[PDB]
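First, one chain by itself in structure tokens, the form deposited in one PDB entry.
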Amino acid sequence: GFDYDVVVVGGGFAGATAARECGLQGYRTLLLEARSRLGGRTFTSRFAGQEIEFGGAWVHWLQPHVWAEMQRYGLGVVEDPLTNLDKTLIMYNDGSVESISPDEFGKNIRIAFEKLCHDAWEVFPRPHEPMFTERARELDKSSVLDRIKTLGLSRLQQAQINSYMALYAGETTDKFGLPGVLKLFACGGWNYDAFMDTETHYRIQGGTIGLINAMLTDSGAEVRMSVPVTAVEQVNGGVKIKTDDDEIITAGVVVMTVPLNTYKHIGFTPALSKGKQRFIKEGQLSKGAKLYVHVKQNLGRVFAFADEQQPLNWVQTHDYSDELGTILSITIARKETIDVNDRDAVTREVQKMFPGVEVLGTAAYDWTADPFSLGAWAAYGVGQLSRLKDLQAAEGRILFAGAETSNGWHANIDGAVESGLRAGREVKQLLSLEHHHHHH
């Protein structure tokens, strides 16, 4: 006799996917979102008269779950200008910037990446079962920097691969766990060209908020925003959910999809398992932020890397024309490295990378400052991947989802969608009337 059959906490892709599965099963589904908006770590906004993505933006057909969703809801891709580049730059730790011909830039980053993932085939023959091989659990004691040191690359190759890996870490490469990178590379077909195509090339048509809205509208679930959940208590046959205004909402099952780094805001009765509590105390590495810069000059199609001691770690063209100028999509590995609020400062840094450009605008999202992300994409530290199931395991009638809890594209939208599907399966298992299956 609970208020709802299932309550999904979080309006991200994991929460929307879970709510859609549960909703189309006929359950009474309620979704609670702490922010006043949906999308979670994806954020569709506006800047310089265009639609932009402050968070997750790019998907690919080699990512199975999100692509299946796009086929279901009839969404294709929108291509960003990543081919036929006009300029390619590398900024080293000292701040010097070197312009390289795009062809040799691509060949060097290809060589560096493929040498860093030389054993991806043998370590991860099944990327969606990450602990399948004993050499993978055994390589969870090493960082990305540890391998980079043994690669023996050129100065430019090491700078590029360290910029890539620092960006994916949201931190310096000494803290970044190696198996997660090997596993993501394996997810993209064990081939650098395809994997690179998966990461920053194609956006969702109508925006990520379009797919979120498609799933939640299809679900028929009730969606409540500006309702943060502060505590969850398991009772017999159900759960009691308490919000920051102390209401009580009772449910048969609750699916937790909040980011790992935010679990400290919610109290659980009884306390979670020691493994899950340890994961909550370590959290996840990324400290990233996203910045868009509108410049009056037309720079064409530009791509740039910047090493971990510089702020503009990933630079890419969003749109360009004589009329417009250029809109730059920039991803920052660590928010500490730049005051994205001091716009002389970001202008100085931009002009440090592109000399003499007049800046017309920027807009930036600091995912570290947001109390409901407290970090950016999922980035596993050393030794964390091996304990991943400790995060996935259900605790009573509390299910756990989110990109951090996925087996495949854990740093991506696809991982969130996957965890949402798994959450829907487990919800069906708990609310199942005749045939009850809960293996592992």
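The term rigid core refers to the most C-alpha atoms you can superpose between the two forms while keeping them within 1.5 Å. Residue numbers count along the first chain shown, from 1. Compared with the form deposited in another entry:
- When the two forms are overlaid on the rigid core, CA displacement between these two forms of 2 Å or more is confined, within 302, 148, 223, 239, to 302.
- Relative to the superposed rigid core, residue 87 undergoes a CA displacement of at least 2 Å between these two forms.
- With the core held fixed, residue 276 shows a CA shift below 2 Å between these two forms.
- For residue 158, the Cα coordinates differ by under 2 angstroms between these two forms after the core has been superposed.
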Second form
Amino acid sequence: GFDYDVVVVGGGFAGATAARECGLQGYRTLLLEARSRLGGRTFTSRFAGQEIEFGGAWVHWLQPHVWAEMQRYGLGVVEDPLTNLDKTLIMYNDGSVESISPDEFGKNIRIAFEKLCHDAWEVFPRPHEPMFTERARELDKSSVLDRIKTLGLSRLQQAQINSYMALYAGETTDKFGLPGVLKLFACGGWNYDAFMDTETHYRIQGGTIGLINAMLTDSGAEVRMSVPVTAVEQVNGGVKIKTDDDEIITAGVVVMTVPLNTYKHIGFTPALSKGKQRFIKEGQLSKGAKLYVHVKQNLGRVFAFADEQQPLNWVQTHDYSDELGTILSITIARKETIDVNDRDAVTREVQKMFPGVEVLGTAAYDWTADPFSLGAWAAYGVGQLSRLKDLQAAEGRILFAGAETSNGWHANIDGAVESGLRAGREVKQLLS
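Swap state to the form deposited in another entry from the form deposited in one PDB entry:
Next comes a single chain, given without company.
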């Protein structure tokens, strides 16, 4: 009697995976996507005549779920070559910019990182069960900043590790939950070189959008875009989904894959469990944005860190040449520190870092300003990871997926895929 067997809300990797799992079981499947595009927090675009990535793009074979999908659909890796750096910079909170030899730069960040994750081997024997250990549950009382003050790092190492960690937090390190960082490093084999190789090294052949289209075509599910969901009501043996144009779609089961910071704008009747509402209100930490800057001068191959109080926390050469100039890939930890769609502020901060250059153009994506992300990658605040099962738990015939709800690579494409497989199995148990 329902319009569809299962409705999936959201066309990111969590939604595409769930829709594919449901479709291949023969269920009549519908996916509703708020934007006029798919991919969610993965978005490939173009700038200054080149391909650029505004969100997620990089993967690794140490991430099980996304790698198995690439095997399923015959997609290989595309390498961004490690390359030698000409300059590595650190910008401290005082505003001073230092140029360090790239060989000193790598040694100091590794020392600081390895001391911060010294206990990951003991505390997370099973990174896919983060709360297995007691130590893990007692560490969720502390922030990443709490550990860094005890490590006794030099001024350079602390600025490096704090900038790198502010980037993973999308926020200041005093807000950043400690165990979530150790668990992610545990997922990469408890090893520094293995984990660092997963970061900005390999992209998917055909792009993230190609693998998302592969799964959705394979699912057979009906896909609608520019259809935001505004409310969900639990009916008798199903659910009622209301779109922003007030039309009602009925289904036996509905799967939520929207980012956690967007649940505030969807109404649920009846109300969800209070443990769920708590993560509904708090949200996830990251307030990041992504920015690309085109400069007339050819800076070669540069990398820079800036600490939490400064705007351009992660800068790296995307491409360079004398004819082109330099295209810089920049990640902003916090929205409050700079408006990426304000060019004049962007030009000043690039010039502060690289005095003497004039920006020819800028391309930005402010994920925190976007109504359908309201934040960047998944980052847990202090105490959140221990209550993660409140966010994963099904509420009647409403299932919940998404990178934030995953147990492994929660800050990654892989975590979204993992949650999609779990959601598909929970669909299989309700429809039987």
